[PDB]
Amino acid sequence: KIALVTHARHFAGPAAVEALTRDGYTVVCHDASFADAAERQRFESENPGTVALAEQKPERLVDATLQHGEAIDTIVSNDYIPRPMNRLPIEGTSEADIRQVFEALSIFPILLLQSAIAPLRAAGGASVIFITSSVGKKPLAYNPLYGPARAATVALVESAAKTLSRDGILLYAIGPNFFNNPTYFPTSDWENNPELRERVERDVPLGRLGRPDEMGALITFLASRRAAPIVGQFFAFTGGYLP
Amino acid sequence: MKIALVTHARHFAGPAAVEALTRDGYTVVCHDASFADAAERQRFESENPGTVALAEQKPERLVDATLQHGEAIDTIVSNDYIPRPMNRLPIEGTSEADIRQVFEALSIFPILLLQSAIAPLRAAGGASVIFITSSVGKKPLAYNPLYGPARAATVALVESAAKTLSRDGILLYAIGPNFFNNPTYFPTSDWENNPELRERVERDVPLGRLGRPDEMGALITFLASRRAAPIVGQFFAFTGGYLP
Amino acid sequence: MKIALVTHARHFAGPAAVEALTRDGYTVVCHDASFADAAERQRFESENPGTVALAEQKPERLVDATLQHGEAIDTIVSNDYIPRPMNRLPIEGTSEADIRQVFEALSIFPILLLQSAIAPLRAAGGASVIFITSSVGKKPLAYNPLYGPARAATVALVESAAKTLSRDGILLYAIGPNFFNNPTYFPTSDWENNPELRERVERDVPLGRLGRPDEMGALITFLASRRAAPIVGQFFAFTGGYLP
Amino acid sequence: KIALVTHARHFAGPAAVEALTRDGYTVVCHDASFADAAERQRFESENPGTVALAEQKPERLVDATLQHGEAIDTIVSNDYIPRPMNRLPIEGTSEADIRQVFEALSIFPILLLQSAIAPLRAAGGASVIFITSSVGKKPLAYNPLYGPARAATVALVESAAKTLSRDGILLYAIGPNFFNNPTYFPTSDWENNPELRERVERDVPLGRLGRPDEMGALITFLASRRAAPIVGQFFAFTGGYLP
Ligand SMILES: [Cl-]
Ligand SMILES: [Cl-]
Ligand SMILES: [Cl-]
Ligand SMILES: [Cl-]
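Residue numbers (the entry's author numbering), protein chains in the order written: chain A, 2 to 244; chain C, 1 to 244; chain D, 1 to 244; chain B, 2 to 244.
Hints are computed from structural coordinates only; laboratory data are not their basis.
Hints should not be assumed to be uniformly reliable.
One-sided and incomplete, this derived list gives chain C residues near chain A with beta-carbon spacing under 7 angstroms [what the hints assert, rightly or not]:
1. 166
2. 203
3. 207
4. 219
5. 236
All residues carry an ideal CB built from backbone N, CA and C; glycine is no exception.
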């Protein structure tokens with residue numbers, strides 16, 4: 002029982018790898034740092050039950066993953082852009098940076114998904130879980146480029162599911178905010194930066210950051226297919242900040 | 001054992017919830033209109049080992065009646081429904097009494113239930129309150145112009161009340177079913193007997209089939225577990241991809 | 001004679017509707033609870049040119065009352081409101097009578113009005129029915145957990161009822177205001193007296209200012225013109241960019 | 002008053018050009034055919050009052066427009082791709098084609114908007130109206146690439162308006178479907194296709210295509226700024242098919 006998780010060392014990657022492995026999955030992992038063999042060896046040694054791909058092209062991850070087993074049960078498309086690039090404004094941002102936002106958050110997941118459909122269909126189905134953002138559904142003033150690129154991939158889920166669900170290929174979008182994770186809300190920020198707390202207690206009904214095991218629980222629940230009729234929609238993971 | 005309260009237990013999502021929570025280790029305390037009769041209460045408790053059939057019919061009294069059977073309520077499934085074909089009542093020609101009954105059953109009844117539940121649920125340190133609504137709580141349909149508004153009010157109640165209740169650990173959710181195999185709207189016999197339903201599902205449901213009772217059950221017990229608490233306060237389509 | 005019906009004319013979006021509709025050449029027939037007093041009707045009619053102040057108070061009877069003054073209704077502005085601070089009524093501690101009054105004024109009253117209007121508006125070859133709701137009809141607010149649901153029901157009424165009434169030429173719309181300069185929620189007095197309001201608007205309203213009466217009027221008369229019919233059946237935020 | 006209308010020969014272009022001209026604007030027009038001088042001359046003589054730009058690059062249209070007047074009052078970002086590219090599926094579609102969908106429908110309007118902010122702000126404000134699609138908000142099975150690109154630009158309007166509205170630069174998105182226009186619903190289609198008239202009868206509450214003058218009325222109403230507080234949102238133009 003196999004899962005592919007992209008950008009494994011960032012965003013929702015750590016929560017997904019830990020939860021899927023604890024659930025009995027062999028978790029095949031992609032990451033930019035894995036072009037270095039030393040990084041692959043360290044990740045695998047330090048993460049029992051994982052395989053660290055060398056492959057870096059989005060349209061080649063799936064075939065690479067199939068080197069390690071006969072079928073993929075779950076793909077976690079864990080796409081991200083580092084801070085502070087997610088807060089790039091419109092004015093003054095370079096064309097290169099505009100393109101890079103869409104490349105990482107919109108084009109990469111599409112090329113991945115495209116490459117997955119035929120093997121996933123042939124194996125009788127699978128789950129594809131796209132990790133997006135709260136701004137995939139609800140805008141924020143300081144994410145005017147990031148937001149559009151995230152909204153594209155949420156729309157991708159909603160449209161693609163209309164055809165892929167009949168093949169047993171079940172697509173979902175998760176939109177986090179105030180989620181304890183190394184990319185946007187690392188534990189070091191929570192404990193050292195008094196500004197984060199104060200706004201969580203004001204803006205987040207739950208009153209705290211979402212925990213890694215709570216993101217893991219959502220991912221393994223979707224991955225179980227036990228509630229497949231919720232296929233094809235966006236889930237806020239924001240502690241009640243959305244809607 | 002965890003205590004759950006399920007309203008209208010014989011209808012809509014009731015049977016799926018009562019079965020899933022019972023198999024998940026809960027004592028399921030159940031409300032139903034038919035339980036005004038002591039005999040139906042006995043037969044229900046007989047056919048569903050573990051459950052308790054409440055006599056109380058008023059929404060504001062269900063929580064206290066449930067608390068006669070345990071120390072704290074872990075989960076409330078507010079499984080509101082109105083007898084068919086009232087969900088399809090049009091605007092023209094419908095009596096004032098029917099309009100009011102639509103809002104009474106689908107909007108006022110759950111508000112009075114939730115109102116009565118806040119204080120005891122806060123004192124016990126939280127709970128899950130899951131409202132069974134409808135796909136038309138989020139996306140309108142031509143033939144539900146009164147039922148839709150009433151469902152949308154209760155989805156909005158979830159979205160708004162969760163802004164304050166989540167801090168108490170009282171976690172609210174709405175489920176919006178369609179094409180869900182259930183005794184009210186899509187009984188198994190309709191799937192078995194009517195070729196038009198199969199055709200319509202093939203056309204309109206990406207998943208290609210009705211949602212199963214145990215799939216609704218799995219969503220409800222996943223929510224009741226609180227393991228993914230940060231998804232609190234939103235609406236979940238349960239439609240096989242028909243929504244959005 | 002080009003006739004508009006505006007409800008609760010003294011409140012909320014009423015004054016803006018009356019003024020812009022009158023400017024645009026409509027005979028504006030107005031309902032308002034104060035008009036049960038004959039002194040108020042005469043006064044309103046002399047402060048407001050060419051307007052007609054209805055004595056009628058029942059929602060189902062406003063259309064027939066209006067059709068005593070002309071042959072057909074071109075536009076209905078269903079300007080439903082409740083007095084502050086009922087919009088901020090919490091769930092806890094609120095009386096059942098108050099809960100019911102919120103739905104009565106904001107959900108039942110527009111339905112009864114709409115139901116009564118379909119047959120005569122259809123006979124006449126169409127019309128516009130514009131519901132003034134609120135931003136919480138689409139986006140929840142922590143302190144509007146009852147007002148919100150009642151408003152969301154009426155937005156859903158527009159969305160669903162439009163699926164059938166649009167073929168009759170009866171075009172339904174919902175406007176959802178916030179930070180709108182009006183005597184009910186954001187009076188020009190409140191702006192000048194509460195620096196915390198001006199600070200909240202600077203922080204949360206992209207426009208940076210309250211919406212003006214003539215801007216609400218411009219939206220109302222544009223919809224009433226039917227010049228852009230294909231936008232029928234949806235919700236329009238009137239919030240200065242606060243929504244979405 | 003000066004308006005810029007892009008892709009003026011397609012989609013909502015002819016409706017925009019006619020309505021704004023009739024409302025007293027000099028309408029400066031972009032179009033890919035205007036690289037041909039003979040096409041510019043034909044267009045200008047056939048559309049009195051308009052100016053056909055030779056410029057083709059999205060980030061240069063604003064400066065090209067301001068050679069013809071002191072300030073831009075309205076920009077109509079009339080983005081489109083030739084049909085049936087709107088119906089491209091995920092499987093089989095080339096990477097170049099995936100990229101062109103986003104280029105025309107997402108990147109082009111961003112590069113245009115970016116270039117416009119400073120001159121529009123210096124002139125005291127303006128209106129920027131993005132013509133998107135109904136799939137910018139609600140998914141369709143046959144638009145799994147077009148949908149995401151449209152959804153990005155809808156999200157661009159919603160997010161960028163949070164900051165540009167303060168400058169008096171008012172952004173809107175219009176999302177048409179079943180709109181009588183030369184690209185997706187030409188009148189010849191209505192006459193030729195009984196399936197279309199049947200689908201419109203079943204799915205469109207208005208029971209008819211939206212007229213060009215009705216799109217024009219919406220554009221000129223928005224361009225007037227008379228109802229500025231509705232800034233920053235998506236308007237369905239679908240005869241009630243949405244929501
Ligand atoms: Cl996050
Ligand atoms: Cl159902
Ligand atoms: Cl207001
Ligand atoms: Cl169109």
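Quick check: which numbered hints come out false for this structure? 2
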